[PDB]
Structures are given as C-alpha cells and as structure tokens.
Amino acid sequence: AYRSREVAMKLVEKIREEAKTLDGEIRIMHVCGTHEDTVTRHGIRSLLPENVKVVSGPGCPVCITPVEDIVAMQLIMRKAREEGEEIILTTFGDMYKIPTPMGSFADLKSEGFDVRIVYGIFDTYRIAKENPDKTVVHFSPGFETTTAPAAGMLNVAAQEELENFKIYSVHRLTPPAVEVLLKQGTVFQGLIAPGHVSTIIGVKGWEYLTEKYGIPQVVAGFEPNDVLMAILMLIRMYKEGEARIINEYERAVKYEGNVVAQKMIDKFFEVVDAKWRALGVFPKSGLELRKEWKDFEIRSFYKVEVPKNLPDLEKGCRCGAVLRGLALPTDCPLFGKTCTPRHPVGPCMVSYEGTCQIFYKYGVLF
C-alpha cells in the first residue's frame, strides 16, 4: 500500500529524469488488454513526460475475430437446425454481443437458437457431457493464454472419444501482430510484452522480434508499478542503444515458457495465415485444427456460404486505427455518442479487453 505508492512516485521521477535527455519522442507499445486497463485505470498516460507515449496495440482476441467467422458460425447453426440437428453454441459473454452486419450471437439467440454464455471451454465440455445426443460447439477465440486451455480440453475429449464436443477455431497468435504493425507503419521503439501470453510462450517466444528488429522488450505483469518499471527500463535500453528482452515477470514467466502447454497446443493446432478484423490478413498468425484432428472442428461437418461484401466495421467506426495504436477511442467521433456499451457500434467497445470499453469504463472524458 504505502510501499506501492512510494515506488510509483520514485519510478515516475526516474522516468521524467531519463526522458529529459531523449532525442525526440519515444513510443512504447503493449499488446495486452489488461495492460491497457492498468494504464488507463491509473492515468499513466497523463503522468508520463510529454515525449513518452504508451501505444495500445491489438491486445483483444475478441475484437479481432473476423466477421466472416462469426457469420459462418451463425450460418452453421441455421443449416444444422434445418436438418433437425439441435446444436448448442457456447461463447464468451463479450463475444456473445460482438456486432456483425448480419447480427450478433445474442441476436441469433433471440431467434430461438440455443446459445449459451460460458466462462470457459471447460463449461462447453461439461455441457457436451450433459447432452450426449446434441452437438455442442464453442465458438473459440483467444490468444495463447486462452488457446492453452482449449488444447487441454481437446486432449481430454480425445482421450474420452467425446464425439459431440466441437469448436470453431479462431485462435490467434500475438507476436505476428507486433511484426505486422511495425512493417505497416505504426511507429514505436520499445515493447511491453504481455504477461499472460508470455507465461505460455516464454521469453523464447518474443526473442525473434528483438533479433530481427532490434526492438528492446520487457515482459511485465499488470500492477501499475510493473508497467511503470517496464517503461523506465525500455527508455534506458533505447537511450543506451541496446536490443534485449528482460523478464520482469519471472514469478510467472519462465524463459522457456510453459513447454507442456506449448506441446499440447501444437498437438491439435497448426499455424496458418489468418484474418484479423479491421486489420487484414496476417501471415502465420492464426491456428486451425490439424488434419489429424479435423473431427473436432465444426466446419469439418457443415459447409456454408458466407455472403460477400460484408464490411468489417459499421460506418464511422475507427476500431481499425485504435487496434493499430494510431488513435485512442477519444479520437473516434462515435465514442460515447452513437457507440457505448449499451449500444455498441464497433467491436472495440463490446470486448472486455477492448480499448474503447476500457476508456469508457474508467470514464475517460478526454
């Protein structure tokens, strides 16, 4: 308590002191919704010196789930129903309300489809066991942190030979996003690596970025002091002209990552080029079930026709710029006007990890 406040004040003073002698403006990016929550909750952007910026990358797996996949899942529900098949669709609570030009999962539910909100894929497994006569499918988004438990449940279902347990895989990888943002402009000279994701892929998983682009990195937890320390460290590393990755979250992250989880994920999933809503196609950034485990993917059972020309976002939504770290929600003309948690225009406002929802949640009036 008193200690945390003491450290925070001292860290901000060091940041100010180091920043004074910066050539120009330094941009530090994070790609983790919880880091954004911490940053905004504690007003860290205002505390920083004018020449130090914290950029919010695409750290929301729900926000970037493609419209085509949500719509496709919806079309599979309809095609299965016309065949007399009662499918039970599970989804996280925020994904449940993600908008698309053809409606959300919640809209589908109001039509009488069996759509259920779950806390995790373990609930899907339980529901599958509760309804052996019904197909149970989890629309499954998520970065490495969420993919790990999905792989774990699949391994359990595989051992049991559960045949009514499926997923619609829309899992994504974080490092590739960081690479694309860099090549596509988005300027930043340091990275705060996500803590949870790092727990799975370890320091090892981010190294290629430092080796390929020379960008310094600090793996950090979510306390405001973890974020402040990371910022202080990246500034020093930058000024000192060094390209290294420092693990400030060793209590939860091993250099090698969680090898057990990594192996479990690779056992069922294969990395493919994948779409990221409002951002385009990122090569080798998505995960799909391997050919050997195709029976677990619902698309292996139903083929549907997603209509063409479906726009990624509703008119005026700047979620594209926001996910790129090129604009803050306050830069969006719909923010708090036509777009709010009650009536969201874009995915950035619905998602729990969404920068726009985070800005709203903390009453950012800016």
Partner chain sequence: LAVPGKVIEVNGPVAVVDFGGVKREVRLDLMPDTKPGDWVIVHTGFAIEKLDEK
The other form holds:
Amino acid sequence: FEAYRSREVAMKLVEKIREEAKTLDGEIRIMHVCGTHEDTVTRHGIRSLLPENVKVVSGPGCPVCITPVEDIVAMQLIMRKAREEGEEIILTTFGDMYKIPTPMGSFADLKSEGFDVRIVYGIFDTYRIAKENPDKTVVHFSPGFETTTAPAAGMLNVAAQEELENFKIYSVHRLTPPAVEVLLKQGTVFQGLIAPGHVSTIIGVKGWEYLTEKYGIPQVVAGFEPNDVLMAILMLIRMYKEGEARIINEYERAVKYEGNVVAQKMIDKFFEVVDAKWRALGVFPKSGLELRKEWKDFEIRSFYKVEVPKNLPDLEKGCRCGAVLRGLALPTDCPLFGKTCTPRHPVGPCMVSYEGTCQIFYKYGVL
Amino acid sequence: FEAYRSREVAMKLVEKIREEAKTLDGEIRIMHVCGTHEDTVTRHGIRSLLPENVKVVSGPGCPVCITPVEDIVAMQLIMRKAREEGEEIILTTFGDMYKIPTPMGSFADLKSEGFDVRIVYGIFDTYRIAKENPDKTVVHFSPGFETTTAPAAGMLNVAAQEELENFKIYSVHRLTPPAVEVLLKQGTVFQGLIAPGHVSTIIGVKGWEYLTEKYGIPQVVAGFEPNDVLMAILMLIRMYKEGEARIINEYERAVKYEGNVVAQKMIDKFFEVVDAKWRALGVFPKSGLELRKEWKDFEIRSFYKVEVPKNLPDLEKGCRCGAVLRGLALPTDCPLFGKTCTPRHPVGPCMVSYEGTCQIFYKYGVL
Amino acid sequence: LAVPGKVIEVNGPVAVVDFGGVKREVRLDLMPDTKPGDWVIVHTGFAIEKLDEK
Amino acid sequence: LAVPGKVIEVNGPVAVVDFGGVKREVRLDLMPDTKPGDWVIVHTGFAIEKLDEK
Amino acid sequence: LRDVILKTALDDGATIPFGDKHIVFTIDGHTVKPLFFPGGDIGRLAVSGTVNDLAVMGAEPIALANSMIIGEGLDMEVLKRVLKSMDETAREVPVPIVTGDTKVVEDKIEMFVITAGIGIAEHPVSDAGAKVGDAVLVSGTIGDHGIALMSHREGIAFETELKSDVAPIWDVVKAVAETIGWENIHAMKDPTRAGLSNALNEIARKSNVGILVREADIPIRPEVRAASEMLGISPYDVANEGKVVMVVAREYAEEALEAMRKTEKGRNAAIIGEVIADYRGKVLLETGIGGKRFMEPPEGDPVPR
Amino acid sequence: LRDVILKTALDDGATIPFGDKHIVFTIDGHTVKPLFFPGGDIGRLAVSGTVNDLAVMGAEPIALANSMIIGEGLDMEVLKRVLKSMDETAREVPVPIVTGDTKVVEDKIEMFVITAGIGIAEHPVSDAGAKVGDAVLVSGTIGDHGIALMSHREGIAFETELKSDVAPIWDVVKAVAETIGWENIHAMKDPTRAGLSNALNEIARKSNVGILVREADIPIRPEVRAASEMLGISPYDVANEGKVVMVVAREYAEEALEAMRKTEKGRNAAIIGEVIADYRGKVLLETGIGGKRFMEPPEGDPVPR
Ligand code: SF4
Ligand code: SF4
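Based on the form solved without the partner chain presented above, generate the structure block for the form solved in complex with the partner chain.
Below: every chain and molecule of the assembly, starting with the one above.
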C-alpha cells in the first residue's frame, strides 16, 4: 500500500529521474496508452515533476473515444427498426458512451424518445437485466479493450451454457497492441512505451514482446499508483540511454508473464480478430473483435440489417481529438479546450469518455 | 434622406411613444418578421428608447435560418450523386447559407472536398456562371421570401426564353404572411405587426390585409430607416389603444397597395404554393414554393432522386433558436448566447444567417 | 438588405445605378419602365420598385 | 479503472469482496480458484487476477 | 440556472447595520429527495444549513422562521419526524424557531422546507477578506455528506455505517472567535454545494488571492476515500453539511486549530494550506507526491467516472 | 492564432529607459496581398505602420531597419517600385532606414517585408493611461483603408477614386504633444487591425474604464458609408493605416483637436467621446438617434452581410 504512494519513494524516484535525464541526448518522449495512466499522471501532477527534456504523451487509451460513430448510429437505427417490428429492445451501455455525440444524436437522446436505454456498470448488470425481462431482447453496446472484452466473452459462456436467448451485444471491442503498432508505422514518435497495466493483466507481457522485438522500443508494464508510473518512467529513461530494447514487468504483482490464459482462451472462443475502424484515427488492421461466424446469434446486428448514412463526420469542425489520441498533442494544444469544449458542453469524444485525455485535463485543471 | 434618419424626428417620436405608452393598459408586444428590421432596431438601439411596457420581438424573418436541414443535406447528396455519374455540378449559394450547419456538415465542407461551391450574391451571378460553363450543370440552392423569390422567378423567364438548359435551382423559397398566421394560431402573442417592408414591396399591402381582417391585429408596412420603425411603433401603440384593426402603409414611398403585379405574376408562373417545412418551427401549410409540374426541368431534384437520412436533428442540443424565431424569446434569453455560440463558432442557424436574430444581437452587442 | 440608388444609365433590361457613389449594374426584369431619371430599390442586383416624391 | 479488494466471502463463481470497507459482489468467471484469503483486482464487477506478496 | 433575478442587493447574505451591530438576514429552500438520508433528514438539513449560513458571516443565530410546503397525501409520520429534527437541531445551537407557516398543495411532492434566519454580528466576515499569508483551515473530514447520500443510492453499504455530517457549526466558529478575536478570522465559507474545491475557489476569487492546499493535510475518512474512488468522484467536489472553511491570520493559525479541535464538531479539524500572492483567483493543490495542479470547481453535479 | 510564443517581455511595444529618455523598440511583418492597392503599397504600408507603432508609444522615430524576403521570380519592377515607396515614405517622417537585409527563397510568394524601428520618448505613453473624464479623439475619417481595399476586390469603383489612408502620423502626434505637453496625452492606439472599435475596446480594457462614443461625431467619408453598407460591414471594424486614436486630458480636448486639424494628416480630426467610470472595459456607443449599444470588437476578419 503506502510504499506504492509514499512521498519518500516518489521524491527519490523523481530525483533519480532528474539525474538520468541530465545526461540524456535530447528530448525523450515516453508514451502510455491507457486512460487510467493519464489520470494517474495528471491527478498526481507527475508532469510537474519531470525534467524539461522528459515528456509523457497519451495514446489511444480510451475505448469509448475511438468507438466509431458509424456503429453508434447503427445501434440507434436497430433500436428504431426493432420498434418498427413490434420489438421494444432494452439497451444497456456504459455511463460515458451513453453521452457520446454523433451527428445523429447520442444514446441519451434516444432515451428521450421513449426507447429504453439503461446505464449499466458491467456486462453482468446487462446479464442481470436480460433474465429479469426474457420477453424483450436486451442488447449491450459493448466497447472496450482486452480488459473489458474478457468479462463480455466470459458472460457469453454463461449465455451459451444457460443457452440464454435474449442476451445480445453490439461488438465494438478493440485491440491495444495493434494500435500501438499502427502508430509507430504512421509517424507518431516515442522512445519508450508504458504498456497499459490491466490490458497486460489479460494478454500478459507475452502480448507485448512482439513490438519490442520488431521496433526495438523498450517497454514497461506499469501499475497505476503514482510511484508505479514514476518507477516506469525511470526504467525507460535508462533502457533508452543504455541501448536496451526489452520489456520490464513493473506491475508484476498483478501481471503473469503470459497473462490470464483463461480469459485469453475464453475470448478467442466467441471473438475473431478483424480489421476495425478507430474513430478519428482511421482503419487499423486486425484491431477489432466481432463475434465468430458460429456465435453469430449473440450479435444484435445478425437479426437486423441496417443502412448507416454515408458521409457522417467523425468529429465536429475544430476538434483535434485525432491528434490527441495519436500522442501528437495534449488537450491544451487545442483551440477549443476549456472554451467551447468542456465536459458540460463537449465537442469531441475525448472530452466525454470517463477515460478521455481531454476530460482528464479539464477535470484536474492541468497546470 | 435626413428627415428619415434625423435625430429630431426620432426624439419627437420617442417622446410621443413614451406618452402614449403611459396610458396603456399593460404590456404591448409589437412584432416584426424581417431580419432587416431587427438589424434596424438593434443597430440604432431603438429598444433602449422604448418605455418599459412597450416591447418589440422578432419573428421568423430569416429565410436562411428556417431553411430545413433535410434540403441542405439533400443538395449535398445530389452533389455526390451527380459526381458518381460523371457530372461535376457547379453549386452557387449565398454567403451565409454557405456556412449553415447540419449534422452532415455544411456546404463549405463540401467545398473542401473538391466540389465546386461558389458564393454568389444574386440569382443573376449564378445565371452569369451558367452560360460561362454550358458544359457543367450549374445549380443554385435558392432560399428566400417573396423578396428573393421574384428575382429567381424572373431569371427563370430569361431561362425559358433563351431556353437555357444548364440553369437549375433547389427551391426552398418561403412565404411570409402564412408563417405569421401559423404563429398567431400556435400561441405566439402580440398586439401589432410591423409588416416586412420589402416583402410588402412585392406582395403589396393587399397581401397582408387578410391577417388583419381575420385576427384583428393592426399592421404597419414600415420601411427600414430608424424613424420608419419608430413611426410604425407609434401607430401600432395607437391603433391598439383606440381599438382599430387596419393596415397602414408607412413605407408608401416604396410600396404600392397592390405591390408589384409584374413579379407576382412572374412568380405565379414558375412556382406553386405547397406545404413547407420551417427549420426548428415545423410544417407550415401553404408556405413553400416548389416549381410547377410544368417547369419541373428547372428543379435540380427532378434529375436526381436521393434518400435523405431520417432522424436528422434540426438544431444541436441547447439551441433555443426555435423560440427565437417564434418571438418567444430574444437571443439573450439563451444559455449559449455569447458563450459557446458566437459567429466564429455557432451552434444554431440563428447565429449564422446574415439576418439571424442572434447574429444581429451579438454583432451589435445588445445592451 | 436593400439600399437606395439613383439610376444613371439604362440599357434595355440591364439598368445601371449609383448608390451614394457606387456604380453597380441592376437587372430590370421586374421594372421594365425605368428611365435614368428614376431612383430604384436594389435587392441582390435587381429592381423591385421605384421611389416616390414622399 | 480498477481498485484492489480483499475477498471476504466466496460462493461458487460469485465471490464477494471488500474495498477499504465496501461490500460488493464480484464474478469469478476469470479466476475459478479464488479463496476468501485472496485479494483480487475488480474490473466492472469481475476478477481479472490475484495479487502477490510483492 | 440564469441570474435574471439579480438584475430584475440580492441572492447572498445581507447585512444591515443597526446600533453598533449588524443584522444578518438569510433564507434558503430545500428540495432534498429523499427527505431522509444516513445521518440526517431534510429537517435537520434545513436548520443546520441556515444556522451555518449565518455563522460564516460572523453573526450569532438569533432566530429562525420556517415555511413548509406540503404536498397533498404526505405520510404524516414523515412530517412529524421532520418537525422533530428541526426542533431538536435548533436547540443544539441554541436558536429558537420563533415563527412558521404551512401550506398544502395538491401537487404530489412530499415536502419542501424554506428556512430564514437572523443573526447579530459585531464584526462581519465574508469570503472576500482573505489576505496573503493567512492560514486556511477546514473543521473536519471532507466528503462525508456527499458520499454518504450517493452510497445510499448505489447500494454501497459500509462496515460501520457512513453517515452525513449534517449539523450546525456555530459552536465551532464561536469557539475560534472567542479564542482569537473576530478581527483575526479573515474569511469563511461553508463547503456545501460543489464541495471544498468550490468553497476555496470562491474565497480565492472574491479575495483576489491564490490559495495553496496540501492534499496530504486534507482530512478524509477511509470510507469516503474508498467510496469516492469507486464512484469515480473526488471527495473535494462533494457536498458537506456540517463543516466550515476558515481563513485565519497566520499568527493565529495554531491557536484557532486547537480551539476547533476542542469541540466535538471540530474534532478532526486541521490546517490545509495558505493564501498566496500568486495565482490570484485560483486554487493550487500540492499533491501527496509533491506534484502540483489546480483544484478546479466542478461544472455540474458529479456522476461516477 | 495561439499565444504560445508569450509563455515559451514579448509581443508588444518595448521600452528601455536610458539616460533620461526611453528607447522604444518595435518590429512588424507584412504579408499583404496584393502588394499593391488604391492609395499605397506594401512598402509604404510597412514604413507607415512601424513609424505609427512608435508614435502611439510617445517615441520620436530615430531609425528603421528593413528585412525583405523575396520569392524566386518576383517582377523586378514591382520590387523596385516597393523600395521607392519605402524611401519616399521614410523621408516624410523624417526617419532614416539605416540598415537592411535581403533574402531570396525558392518558394513562390512575391514578397514579405519585415520592418523594425527605434524611437526616443522622454514621456512614454500607453493604451493603459486613460483616465475618467478624458476626451477621446480620432485624427481623421474612419474606414478608409479597409473599405478601399475591399472595394478593389469586389469590383466596386467610385466616382472620385477612394483610396487607403496609409501614411505615417508622427507629425500629427508631435503636433498635439508640442501644443499641450506629453503629460496631457494619456493614451494612444493606432486603429489598424480590427478597426476603431478594437482600438477603443483595448484602451478601455487596459485602462479599466468605460469609453462613450457618439456615432454622430465619428468622421466617415460618404464613399466609405455607401461601400460599408453594400458590403454589409460597419466602417468601425475595418482597418485604418493612417490614423491615431488619442485620449487627452479633458482641459486640453479643444486645444488638441485644433492642433491636429492644423496638419494635413489630421485635417478631418475630431472629438468622438469621453472616458467614463461606468462600463469599465467596455465601449458604449450613442447612436445618431440617441439610442445606446455597445461597440463590440469583431471576432474575426469581416465578410459581406
Ligand atoms: S478538447 Fe474538445 S474539442 Fe479539443 S480535441 Fe479535446 S474534445 Fe476535441
Ligand atoms: S445563440 Fe446560438 S445557440 Fe442560442 S438560439 Fe441563438 S444560435 Fe441557437
């Protein structure tokens, strides 16, 4: 506990960092790709402790932000379609996704139209709802990285076993490791990666090793305590200077080199990897997880064929959320940040999602 | 000239108004329905001269604001469709309409996509363009009340005579008098109407008489000089107190009791009255002007059948532009006015249109 | 959004007008009877009416 | 977005956990081998892993 | 929520000098649902709120007036229960509820409680008197009431029940005053709506001064810490109904702190920071690890993150 | 347009006291397209702008330095022409263009002109010295340059050509100063970008005072009035390149006005209003008919309405 939050520990690390960064050749840009990490860095204001030549940028570490509008709109179309077919569907979605904006309106607006939209907290809450209403089809707009794809693929097993029938999900799950790669390949720069802790809990270090071996970028599977990130930033500064390219499981207390094999298998059971669309980022190959041809029954899209309007802009004019998800800029480098765009009245998803880099910068009033 | 702007005249009128309003039973709400009028009242700050019990509210006096998104989006669909058919169309539209927002983006965004969108100033500029490029079909997204429906229906005559072939227009013309009626019928309150000057130039006093006889609301066809409005506000305050219900052509210098019969006839030649949709206001019966079955050739919609997506919101969450067009509130009675919504970064059309009540309040920084 | 102007030249249905000093052309498809002596009301480059000795 | 909690009760694949004092249920479909002695990581009401004597 | 009523003084504690003292007059309504919550109820909430509204302005509670708007068909026992709390709480000050009024409306609403109060202050205090160098003190734990009520809504139950801190704190303020002199209490603010963060920002903004707060010195219950993290909201932004923020002359920082701790309602009191010349109008927070960031007041009511 | 360069003094007239005087140092770039316009050109614009930048800060033009960035393939006659204007204008002050530099870039850009200048002011002046009661004066017609250039773009031609007012006005300022004393000129601002409205708002905002202007007293050409209405933009928001706003002690309002009118560049000068204690930071305009409204600075470059 304490040792992982201790000011002594932190001030020793900060000092060590300061020293190393002193003999550093230029500017080191370490990157993390987990929302929780950004929150950790910003909440404890770690950036206000790092040397001028040591920078920490955010990546596409928000499952909600990168969820394509095309799918959100498509889910609303199914809602209206299903109704036009005497089928009043029960929609369950996370609190923030519930508010995500699209040119066609948000899920919250569909709620203000008579549709039954219920904010759940876990795939299970949805499961609880399904049995409590076997008359109506209950569907869960399911977004999320490896960390949330597991619970879902785990509840589908309890759906196959119980052979439950009114338990569907709109699969918009995403794969973290791939996005990190598409980024390196697309120009985003950084000398070290702070691998997302809990994403690594599921796919284990093994799941990351391939990026280091392929691009030579040192990694660190870090936890979430302030000292966890500070410890990880230290290692990366070193590996960079000494010339290494290896992964270090700082979060070993909660990570198995091979991750949880149970979840892995379970996921691989109901989902198959496919090319996916990342909002404001484009099409990333092998970064999506749609239900396998077999369990085509758990995918609400199987029952309803819909036509999503073409030419639906990803973000509103002015929103630089695309550059924020790529680690090409912080939310403070945005002309609308803190002005026209705030959690109350947001412009882009980066400010809506609970793990949005922008919502986190506003929320903790970055210095 | 001067006499119509003279401070002496104005201060005499203001005094006269002040006196009359003194023996007034309650609060008199005079309404005007022309953008130019709102600009006159706000530019010279007439409101800062009227007694506390004398109020002047704005009506749907903006042809651009009330233009349905459905049509704007539809016009963009034709642009893409026409292209998918080796037909690169030339789009001409007014400066403000060019920027009007829709969930599918504005005409300006279509310009940033390779499409040829040219900002004209009069239907003629479009005409000039047509002959200068008889290879491509030049279309004009044509909005406007009686005042602008005339030039258009006048250029179609020069199109029929010359038997021109590449001269089309997207008809979204509107009728002023009808909207005024739908308003009375729908709850909007006012004891007097300041009839739009130039709309009355075309349809003449005759075109308005029917509202007075039917609802007993006194009217005044006023000009646009500060004294014109002040003179009109005076008459209405009187007719109200003395119990009359008659129209007074204050703008007689530029208005014929029967208006311009040439334009009238000309319009009635190419256009037929039909039920139309007024953005943020709903469907007003007999308030639209689509080309008659005969000249179905001048309507770009004849050549291309398109499918506009359903469930396209009229305004973004928070925009009270609907209440502003109904005379149920001023733009200062809006939570976004001057904050998140400004001409630079607007939310609703009321702030985009050159004649938008909101753009006018911001522009002249109402007191 | 119209402003008043003095017609200084006429050429069939294509009159020319002056506004406090600006030379701008103005169609006459709505007012076929316009002599350079007349003063007109221009709306988007067109003539909608002629003034009076008010 | 997970916080650590001490498992105080287990009932088949439906363990119960305590977080600094809060009683909340937690599915065990990902960690079938959880004894009330174990401490788990809860993510949206689920168990993703068990801690270590770090 | 538009401030039309302001330009149409108004909407804040009012002072009326008379004799050699000042009459402090206030009023506040309550639409708290449910009428009942862990540690208190609308009745106590009403009296506590108003008493405190007078304490932070330096006025001694002289009297209360209560107007109740009851919806037709209200569990009578509920109403009796509420009235008991009001009388029970008012006596804790002490302060008499000299007058009242009651109304029955057909609309189904359970009940609304409007409370007014008058106080006498020989030495008025406002959130605009903070001076550079001054010490910032909070009389108790932060996040109690807010988290208490939210936890009740989300099923979240606690080992030992976590309850609201709803309670009058005139005694706490009086203590300090009588121990260091009114002249030495430069500013006060009750951290209710929007929490401590809002309260501090206000003092900072209305006194045109920067306020430095040390995250490590802010009193927070172990239950609140856990619950706050789970719901995804920081205990700084949740409501407090039995606490007071006090800006004191630096030379009396230690004296005041002890005075507060000598009372039951100020038992956990503590010194959380100081006023500075930099960052005027802002609140700067020094995190536990030595980091720094601003403590911004929430935009709207909080929801789980 | 982000003020990163500010926190990364900077970006405004700089003063450096030396001896008993102050060295005023400034610099400004020009990307005016086309390089040529009715009444002037980039060259005159460059020199006039910088000379004026020094005049409004109370410094006498001591020297100019010019750096030109020329794009490969620039009509040589154009460049010669521009250089003539610069030398011609600089002599009108008078002020020598003591140094220079030239660069040729392959990029097609015609030309950019960067000008720096130094001045000596024994009595510095800034847009933050306006005091309540003071008179507000504008040295000439408003809307000349802005409307001139816009009209050239929109084909709009005029009976007698309407041209820019681009020209240095050190002579105008010096006149006033030598007639009423520097101590009596409280504030100045050149109404260039954003026009008169922007200039006034700035003085008002940086001096924390309200400024009342009478629409009936603001000098505007008959050509500008007509053109402004047609393009749908008010002459208050368009650029001026040969005018100066001057806030003078009330007791010298009349003396100053005459001094300005005694010069060619201040021939149409006039008194347009006064500083007031109300509406601090705002500009209040009393319309011709006696009405009142604020004169808000445009958000972005104007377009026809
Ligand atoms: S602040 Fe808003 S607008 Fe700027 S990128 Fe972040 S969400 Fe997009
Ligand atoms: S200001 Fe904006 S947002 Fe408010 S109604 Fe007028 S346009 Fe709509």
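Positions refer to the first chain, counted from 1. Residues that one form lacks are left out of the comparison. We call the rigid core whatever largest set of C-alpha positions still superposes within 1.5 Å between the two forms.
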query	finding
Regions of at least 3 residues displaced between the two forms by 2 angstroms or more (CA, core superposed)	1-3
